[PDB]
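Number of protein chains: 4
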Amino acid sequence: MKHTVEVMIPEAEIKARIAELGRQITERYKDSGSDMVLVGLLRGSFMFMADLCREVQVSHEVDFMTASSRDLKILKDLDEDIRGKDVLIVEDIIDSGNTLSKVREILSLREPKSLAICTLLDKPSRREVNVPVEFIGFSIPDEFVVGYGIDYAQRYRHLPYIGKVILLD
Amino acid sequence: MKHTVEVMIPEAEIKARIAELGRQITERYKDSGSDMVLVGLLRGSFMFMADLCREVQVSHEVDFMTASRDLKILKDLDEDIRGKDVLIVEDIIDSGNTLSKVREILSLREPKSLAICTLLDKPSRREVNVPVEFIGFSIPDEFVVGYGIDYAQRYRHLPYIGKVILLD
Amino acid sequence: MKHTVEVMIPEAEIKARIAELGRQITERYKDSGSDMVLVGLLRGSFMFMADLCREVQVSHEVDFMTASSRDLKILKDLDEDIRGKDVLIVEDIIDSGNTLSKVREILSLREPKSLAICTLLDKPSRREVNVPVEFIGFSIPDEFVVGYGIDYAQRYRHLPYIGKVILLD
Amino acid sequence: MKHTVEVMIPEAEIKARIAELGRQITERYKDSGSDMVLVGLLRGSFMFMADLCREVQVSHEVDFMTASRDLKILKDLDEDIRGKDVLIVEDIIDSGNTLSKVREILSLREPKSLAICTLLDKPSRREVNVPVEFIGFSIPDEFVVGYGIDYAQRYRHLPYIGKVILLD
Ligand SMILES: [Mg+2]
Ligand SMILES: [Mg+2]
Ligand SMILES: [Mg+2]
Ligand SMILES: [Mg+2]
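Residue numbers (this note's numbering), protein chains in the order written: chain A, 1 to 169; chain B, 1 to 168; chain C, 1 to 169; chain D, 1 to 168.
If we strip away everything but chain A, and leave its shape as in the complex, we get:
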């Protein structure tokens, strides 16, 4: 404990990058002709979700589910049916990617038209499970990050920018 939080990725940059992802995702699914649904993973992705779905220019539905994070359980499942639909799993950050990996499996069992993942942050150096991530906002080093849905000691989860925690001696 005993620390400080400084801006790592300012709000404007995050907003800009999200607008971009928005375009990319739209370009990618605009001609599918099938129902689409963005699936966020609570709690972490509520903010990134809120902002990302507004940038996606294709009629979709927004849903959430929460998984345990040694077995991976479903604490809260989807309300929507994804069978035959294009599904985009939306996450705040991917590091080890175990949980994500299993959630993807579980969902595919429901036979969606397609399955992809879009994360705001990516820590490639911390991967433990090879998992296909189709959209990334920022590839970052293994930094102690907070904000945009990411918390630390039940704090900072509501910050509008990605911050770096500095552990004072």
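If you're looking for bench data, these hints aren't it; they were derived computationally from the structure.
Ideal placement from N, C-alpha and C gives every residue a C-beta, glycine not left out.
Be careful, since some hints might not be right.
Claimed, not checked - Incomplete in silico selection of chain D near chain C, CB under 7 Å:
1. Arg54
2. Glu55
3. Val58
4. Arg69
5. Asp80
6. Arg82
7. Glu104
8. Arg109
9. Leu167
10. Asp168
Claimed, not checked - Restraint ranges, calculated between C-beta atoms of paired labels, are given here:
11. D/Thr98 <-> A/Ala153: 42 to 50 Å
12. A/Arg17 <-> D/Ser34: 35 to 43 Å
13. D/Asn129 <-> A/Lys113: 43 to 51 Å
14. D/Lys30 <-> A/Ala153: 17 to 25 Å
15. D/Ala12 <-> A/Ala153: 33 to 41 Å
16. B/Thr4 <-> D/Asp78: 43 to 51 Å
17. D/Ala12 <-> A/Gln57: 17 to 25 Å
18. B/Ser95 <-> C/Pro132: 43 to 51 Å
19. A/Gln24 <-> D/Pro140: 34 to 42 Å
20. D/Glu110 <-> A/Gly84: 44 to 52 Å
21. D/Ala16 <-> B/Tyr151: 29 to 37 Å
22. B/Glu133 <-> C/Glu105: 54 to 62 Å
23. D/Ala16 <-> C/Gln154: 50 to 58 Å
To be verified - Restricting the straight-line Cα-Cα distance to at most 27 Å, the calculated cross-link-like pairs of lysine-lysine (BS3-like) are:
24. D/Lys72 <-> C/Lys113
25. D/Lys112 <-> A/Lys164
26. A/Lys15 <-> D/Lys15
27. C/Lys164 <-> B/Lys2
28. D/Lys15 <-> C/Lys73
29. C/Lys113 <-> D/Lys112
30. A/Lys2 <-> D/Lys112
31. D/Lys30 <-> C/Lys102
32. D/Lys112 <-> C/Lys73
33. D/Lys72 <-> C/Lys73
34. B/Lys30 <-> C/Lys102
35. B/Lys2 <-> B/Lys163
36. B/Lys112 <-> C/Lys2
37. C/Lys2 <-> B/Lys15
Mind docking chains B, C and D with the ligands on chain A? Use the hints.
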């Protein structure tokens, strides 16, 4: 709605048959040496579970989970099943779609083994080929209630399998 | 760890006592004329529930819900509506009775015709919250008990009798 | 089903108004000295939540829970609210029955304080007198979509409040 309920499978037969299944399951897992866990599907299997686990002579844990076109997990397991022998316990299997998917979901967790044990089985109503390792009774497609199976929120607590008789 | 389990309350005695409770509960609600529902608290009461409902001679519905056991949360709620109905909360054992206490409050908010609790075992000496328990199978001293839904180290939960754990030196 | 959607409350107005609510809520709790937590009700409030919490200038935690004649808890809080200031965050309040009960349930947990903040309010549709401490917009009983509010699984992601126009 206007109906009657008559005994189809009396309580004694059910108890006897369960004692048997009990032996079968015990014989089958007694030498595994791995942790075991019976997983019941709520609400339907609470009674069959309660009785079946008492007949299983191997140290196991008892857990439940409840499932919902897409098949969802309304309540998940509390236990981890990875590397453990898992026996899904159900009151009755007919179409077997839900069961089928629940089995898939669980296998993703990599248990040592996966099996299903149902009290009742209506083979004539299957829609999904699903492996059922233990069966108490194979029955015709009858309107059944009791032992966890209800009808209009009734009979779920009957100690025997009953047949519903619609009245015209 | 390192222990033994010996019979404290044999299966026959438990069966007999439950048949009795069965009669008592029936006598008590037989003339209500309102829908009835026994609500069990998972995991512990699945066995006591299974046996008790078979002794209750009044048409009822059986349901479950699971609560966290410092705030008391609802991990799994009822499927049935209890408003205007006679509700009997069914538990394997009551000791401190905090959780039970709160679950009772939560449910009353739904305005059931009536609310009662029926427990197999009762450890009066361990109460921390004064809570009304209308039916009791056995009042026991604060013994290390297992069986009939009560476990210890994920074991014995399936025993058909109440056992006493003996911690070998 | 055959319809159109036109802008009722443009995105800019909503952002502005939220910044204001932000100030109000901050002014109100800045000196509490107790832990604070905004509790959103899924699905509807995920967007309003996301934007509102960024305007609240006091260290808080963000949590959600989802509720269902009887009002049930489909998903409960992860946080404990006892002794903490709790702000229930909703997209819109009309009849307010569900909200009303959720408030009761939570108070049973003895939080330091309990308040509600809704983006939209349809006073004309109230059925249960429930205290709403913060409101973004008081609107007539219009067919609204956007900002978390959907219609036929659509528009939930619109950045503005829209009005649905049925076509005959
Ligand atoms: Mg995440
Ligand atoms: Mg079943
Ligand atoms: Mg209990
Ligand atoms: Mg709402």
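Hint check:
Contact between D/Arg54 and chain C, as hinted, is not supported at the beta carbon level, the nearest pair being about 26 Å apart and thus beyond 7 Å. Among the interface hints, the one on D/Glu55 is violated; its C-beta lies about 27 Å from the nearest C-beta in chain C, farther than the 7 Å criterion. For D/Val58, the shortest C-beta to C-beta distance to chain C is roughly 21 Å, which exceeds 7 Å, and the interface hint is violated. Hint on D/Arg69 holds. Least Cβ distance to chain C is approximately 5 Å, under the 7 Å limit.
For D/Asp80, the interface hint holds, the least distance from its beta-carbon to any beta-carbon of chain C being 3 Å, beneath 7 Å. The beta carbon of D/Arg82 comes within 5 Å of a beta carbon in chain C, closer than 7 Å, and the hint placing it at the interface holds. Satisfaction of the interface hint for D/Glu104 is found here, the shortest Cβ-Cβ separation to chain C being roughly 5 Å, below the 7 Å cut-off. Among the interface hints, the one on D/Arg109 holds; its C-beta lies about 5 Å from the nearest C-beta in chain C, closer than the 7 Å criterion.
A least Cβ separation of about 37 Å between D/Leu167 and chain C goes past the 7 Å threshold, and the interface hint is therefore violated. Checking D/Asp168 against chain C by beta carbon gives a least distance of about 37 Å; that is not within 7 Å, so the hint is violated. A hinted range of 42 to 50 Å for the beta carbons of D/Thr98 and A/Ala153 is inconsistent with their spacing of about 32 Å. The hinted window of 35 to 43 Å between A/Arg17 and D/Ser34 holds, with their beta carbons roughly 36 Å apart.
Checked against the given bound of 43 to 51 Å, the beta carbons of D/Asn129 and A/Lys113, roughly 47 Å apart, stay inside it. One distance hint, 17 to 25 Å for the beta-carbon pair D/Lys30 and A/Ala153, holds here, with the actual separation near 20 Å. Checked against the given bound of 33 to 41 Å, the beta carbons of D/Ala12 and A/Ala153, roughly 35 Å apart, stay inside it. A hinted range of 43 to 51 Å for the beta carbons of B/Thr4 and D/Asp78 is consistent with their spacing of about 49 Å.
Between D/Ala12 and A/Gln57 the Cβ separation comes to about 19 Å, which falls inside the hinted range of 17 to 25 Å. For B/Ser95 and C/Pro132, the hinted distance range of 43 to 51 Å is satisfied, since their beta carbons lie about 44 Å from each other. For the hinted restraint 34 to 42 Å between A/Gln24 and D/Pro140, the CB-CB distance of approximately 39 Å keeps it satisfied. Our hint of 44 to 52 Å for D/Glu110 and A/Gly84 holds, since their Cβ atoms are close to 47 Å apart.
Here the CB-CB span from D/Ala16 to B/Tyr151 is close to 57 Å, at odds with the stated 29 to 37 Å. Distance hint for B/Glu133 and C/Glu105: a CB-CB separation of about 44 Å, inconsistent with the stated range 54 to 62 Å. Between D/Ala16 and C/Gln154 the CB atoms are about 56 Å apart, so this pair conforms to the stated range of 50 to 58 Å. Taken as a hint, the D/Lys72 and C/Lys113 pair is honoured in the structure, with Cα atoms around 17 Å apart against an allowance of 27 Å.
Our distance criterion of 27 Å between C-alpha atoms is broken by D/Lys112 and A/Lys164, whose separation comes to about 31 Å. A hinted pair counts as satisfied when its Cα atoms are at most 27 Å apart, and A/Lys15 with D/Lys15 qualifies at roughly 15 Å. Taking the CA atoms of C/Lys164 and B/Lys2, the gap is near 50 Å; set against the 27 Å cutoff, the hint is violated. Simply put, D/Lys15 and C/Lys73 have alpha-carbon atoms about 34 Å apart, too far for the 27 Å limit, and the pair is violated.
At roughly 31 Å between alpha-carbon atoms, C/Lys113 and D/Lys112 are farther apart than 27 Å, so this suggested pair is violated. Between A/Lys2 and D/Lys112 the alpha-carbon distance is near 26 Å, which keeps this suggested pair within the 27 Å criterion. Annotation: proposed proximity of D/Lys30 to C/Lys102 is violated, straight-line Cα distance about 31 Å (limit 27 Å). Our distance criterion of 27 Å between C-alpha atoms is met by D/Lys112 and C/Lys73, whose separation comes to about 17 Å.
As the CA atoms of D/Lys72 and C/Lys73 are separated by approximately 12 Å, the hinted pair is consistent with the 27 Å bound. For the hint pairing B/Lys30 with C/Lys102, the CA-to-CA distance comes to about 41 Å; that exceeds 27 Å, so the pair is violated. Proximity of B/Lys2 to B/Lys163 is assessed by CA-CA distance (about 14 Å); at most 27 Å being required, the pair is judged to hold. Only pairs whose Cα atoms come within 27 Å are accepted, and B/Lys112 paired with C/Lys2 is accepted, the gap being roughly 26 Å.
Note on C/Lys2 and B/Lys15: the hinted pairing is violated, with a Cα-Cα distance of about 34 Å set against a maximum of 27 Å.
Figure legend: structure checked against the earlier numbered hints; hints not met, in rising order: 1, 2, 3, 9, 10, 11, 21, 22, 25, 27, 28, 29, 31, 34 and 37.
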